[PDB]
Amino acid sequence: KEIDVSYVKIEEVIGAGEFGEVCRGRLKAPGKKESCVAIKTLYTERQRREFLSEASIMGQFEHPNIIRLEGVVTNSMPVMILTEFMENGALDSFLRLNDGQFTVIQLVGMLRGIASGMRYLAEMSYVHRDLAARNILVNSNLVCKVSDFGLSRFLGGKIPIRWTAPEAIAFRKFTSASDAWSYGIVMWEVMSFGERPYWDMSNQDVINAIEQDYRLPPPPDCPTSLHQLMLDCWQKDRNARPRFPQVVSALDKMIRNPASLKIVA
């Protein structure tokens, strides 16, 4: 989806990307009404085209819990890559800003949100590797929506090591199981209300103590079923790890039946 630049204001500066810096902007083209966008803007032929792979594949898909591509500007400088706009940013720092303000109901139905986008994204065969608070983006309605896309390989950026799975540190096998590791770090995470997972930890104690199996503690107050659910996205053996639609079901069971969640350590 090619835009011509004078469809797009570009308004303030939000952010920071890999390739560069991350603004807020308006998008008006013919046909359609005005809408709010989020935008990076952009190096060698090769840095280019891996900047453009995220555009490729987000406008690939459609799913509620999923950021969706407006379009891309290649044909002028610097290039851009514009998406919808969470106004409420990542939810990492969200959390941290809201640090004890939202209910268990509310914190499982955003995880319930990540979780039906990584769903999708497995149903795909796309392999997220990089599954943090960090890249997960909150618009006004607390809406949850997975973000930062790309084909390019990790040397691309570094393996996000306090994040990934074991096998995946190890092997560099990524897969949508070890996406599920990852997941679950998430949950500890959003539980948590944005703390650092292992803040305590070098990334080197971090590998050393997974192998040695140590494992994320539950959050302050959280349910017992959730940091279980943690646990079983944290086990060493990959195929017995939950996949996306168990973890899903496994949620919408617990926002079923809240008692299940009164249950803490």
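Between two forms, the rigid core is defined as the largest C-alpha subset superposing within 1.5 Å. Numbering follows the first chain given and starts at 1. Compared with the form deposited in another entry:
Shift analysis on the rigid core between these two forms singles out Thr74 from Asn88, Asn98, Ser176, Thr74 (C-alpha displacement of 2 Å or more). The rigid-core alignment places the CA of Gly150 2 Å or more apart between these two forms.
Relative to the superposed rigid core, the position of the CA of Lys32 differs between these two forms by 2 Å or more.
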Second form
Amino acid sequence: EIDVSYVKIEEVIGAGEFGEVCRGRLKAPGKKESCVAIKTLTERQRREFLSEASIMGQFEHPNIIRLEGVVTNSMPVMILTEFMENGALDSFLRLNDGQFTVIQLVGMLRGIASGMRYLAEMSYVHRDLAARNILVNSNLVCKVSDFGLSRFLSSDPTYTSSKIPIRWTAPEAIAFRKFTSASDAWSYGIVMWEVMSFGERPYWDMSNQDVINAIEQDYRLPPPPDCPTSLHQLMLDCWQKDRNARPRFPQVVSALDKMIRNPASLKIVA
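Given the form deposited in one PDB entry above, I would also like to look at the protein as it appears in the form deposited in another entry.
The next block holds one chain only.
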């Protein structure tokens, strides 16, 4: 797809599954030089690495990381995507602790929910939705990234797994490997708490076993400081023990839109 002569690699920005993640340049003829993220690279791992580019290529949405192309016929094999100037959402919010308003954070979560509404519509289950896997650009637009664990799902559509993020995963997905859009809805609830608390670790320093024990006790994360009750209530809906009681991603987008429509409901805090 992309010839190496147009690619230039810069500093390492992250550590992927199959290798490094770098910042860089893409100067294709007939277009200006653009900022890109370069993902670099077992024979089965080559199929799994290129499968992520195969998935990304099928997507077209403002809240899903855009693929620029791939370096196929050359070495090293590289996947090129749009560059996200501010990187991971959790680390960005920890660094800018208390530097954004409620409506800005709601815009971020509304973006994530639209991207996730798109993924469910395309019959895909993410299974790795966390703030660290959400990327931020210069204009503060949030996009779903890392489709490595993403799987293609009539009746009750479930993906049953054989590397599970415990504190971001629904009970029935940990306990019975049952992955559905409802288990992604649970993950989104956690992302909402991570966003409203400016990158606080879900369940603090609690070990993974303490987290599994807390969820069985019916304990749910409290509203982060200055978090509107309506946003915490929406988190509690995502965290319903019964996967079927959780809201669907179009219902999540509409609940957030109602809060944007009436900014006085966000002023209500506990």
